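A single chain comes next, written as structure tokens; it is the form deposited in one PDB entry.
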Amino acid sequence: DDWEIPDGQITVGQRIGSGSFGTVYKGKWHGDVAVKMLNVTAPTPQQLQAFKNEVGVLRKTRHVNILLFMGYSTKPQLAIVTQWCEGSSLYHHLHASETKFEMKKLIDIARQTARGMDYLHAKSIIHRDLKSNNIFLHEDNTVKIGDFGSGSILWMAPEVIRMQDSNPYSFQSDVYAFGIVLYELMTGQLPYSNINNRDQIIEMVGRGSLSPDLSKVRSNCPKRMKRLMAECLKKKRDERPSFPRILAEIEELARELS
């Protein structure tokens, strides 16, 4: 009904990391949790509404691939509480571990990711900033999608880079985001890897003249999964697939099997 954790109950220990959002610690509260304490000292009364309006959105997410919102503090600092996750994120795995993932295991991670996303949309939540860094792999099996509610241009649809008019952030923008995750998964690689220049990419992808190189997909990706990708990466936004049918193709190609 109300989800506030009164001062005292969370035992904050260890500083894991941060962001423009906030700073994230591990912690004890009826078991393990994570606490993202916002960059804010004195809560201005209109700021206690910014938060509780952002919280009312967070508590409309129940689902196994949507990070588990659990509670919000007020009294030591504005903060969001959630499940503690185990292991490391999709990014860490696809880049600075060198973990071989089999085609089987990679498709599943894509399946579980678009499971998160279709749910959020069914709920009318534009994520806005999906990427492999904000997909935490709990136990190295279960996708948990978080950090919803410059920054990272690599997952940014051309219309976002540039800017539509009345939108541009929308269900579709979330969809190009999802393709770039597909590229990462199905090439094990960040795109524009050879062209390492933020300005170049911002200017060249928004103008419609640089798009991911699909020849770097591992020779053993299915051709269903490869065509699915290039649909999502469409520069024209409304030619893009929306999420029901994205979640169809993936589960429905997943058989095959091993």
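Basically, rigid core = biggest C-alpha set you can superpose within 1.5 Å across the two forms. Numbering follows the first chain given and starts at 1. What changes on going to the form deposited in another entry:
- Fit the rigid core and compare the CA positions between these two forms: of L190, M225, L38, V33, just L38 moves by 2 angstroms or more.
- Once the rigid core is used as the reference frame, the Cα position of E54 differs between these two forms by 2 Å or more.
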Second form
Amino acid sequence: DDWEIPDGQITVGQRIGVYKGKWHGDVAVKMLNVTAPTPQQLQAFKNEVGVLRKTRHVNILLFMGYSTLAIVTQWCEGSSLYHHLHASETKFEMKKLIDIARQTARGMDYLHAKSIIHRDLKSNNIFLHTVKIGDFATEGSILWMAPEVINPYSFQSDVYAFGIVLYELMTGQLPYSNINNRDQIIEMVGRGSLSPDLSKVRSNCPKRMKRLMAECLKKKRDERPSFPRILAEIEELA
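Now show the form deposited in another entry, given that the preceding structure was the form deposited in one PDB entry.
Next comes a single chain, given without company.
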């Protein structure tokens, strides 16, 4: 019941943004580069470790251990969902898009069932190893913020962020393409006068998915569905 990895067993490698490592195969290491952790740096570490060690799911990033500040997880080869959708030459077929949506819904459903709120769900936090949800959370990111988020964070907030991810999948683009100033999005979305353009969705997009999307993007936090129903709907049409 100790996920403390004795330091010196890990061979850290190239920088990523976090290092690629070697422990009992390929691993991904997060090194907190400080002389001595502040009291704030300490609780941040415990909390991420505490919530990571309660996850055992195929669609959640595999936490492998910690070191005392370091967090060891599985190495994921490939790029994030952000790269593939926005900064990539190659697009995806619908069957794959719906598949990416389903796995993410499974992971999000798993977390919510464990009383865990990601509080930072976005296409950049979704690694396409097989969907892998990482970069945790408790138990630039403005585009994925619910109107009440601009305590605001809840299961409903994750539901909204999930809705934007759906929008990315079904359109390929980021929301609010006609805006280059962050302060107005904050104002317009925050007030309740701005919403993603669901007319941008592909012709291939099932009306079912387009409906579900609008539900997750509801202006009022309480009209948004729950992942048990979100997964049910996605699983059905698939």
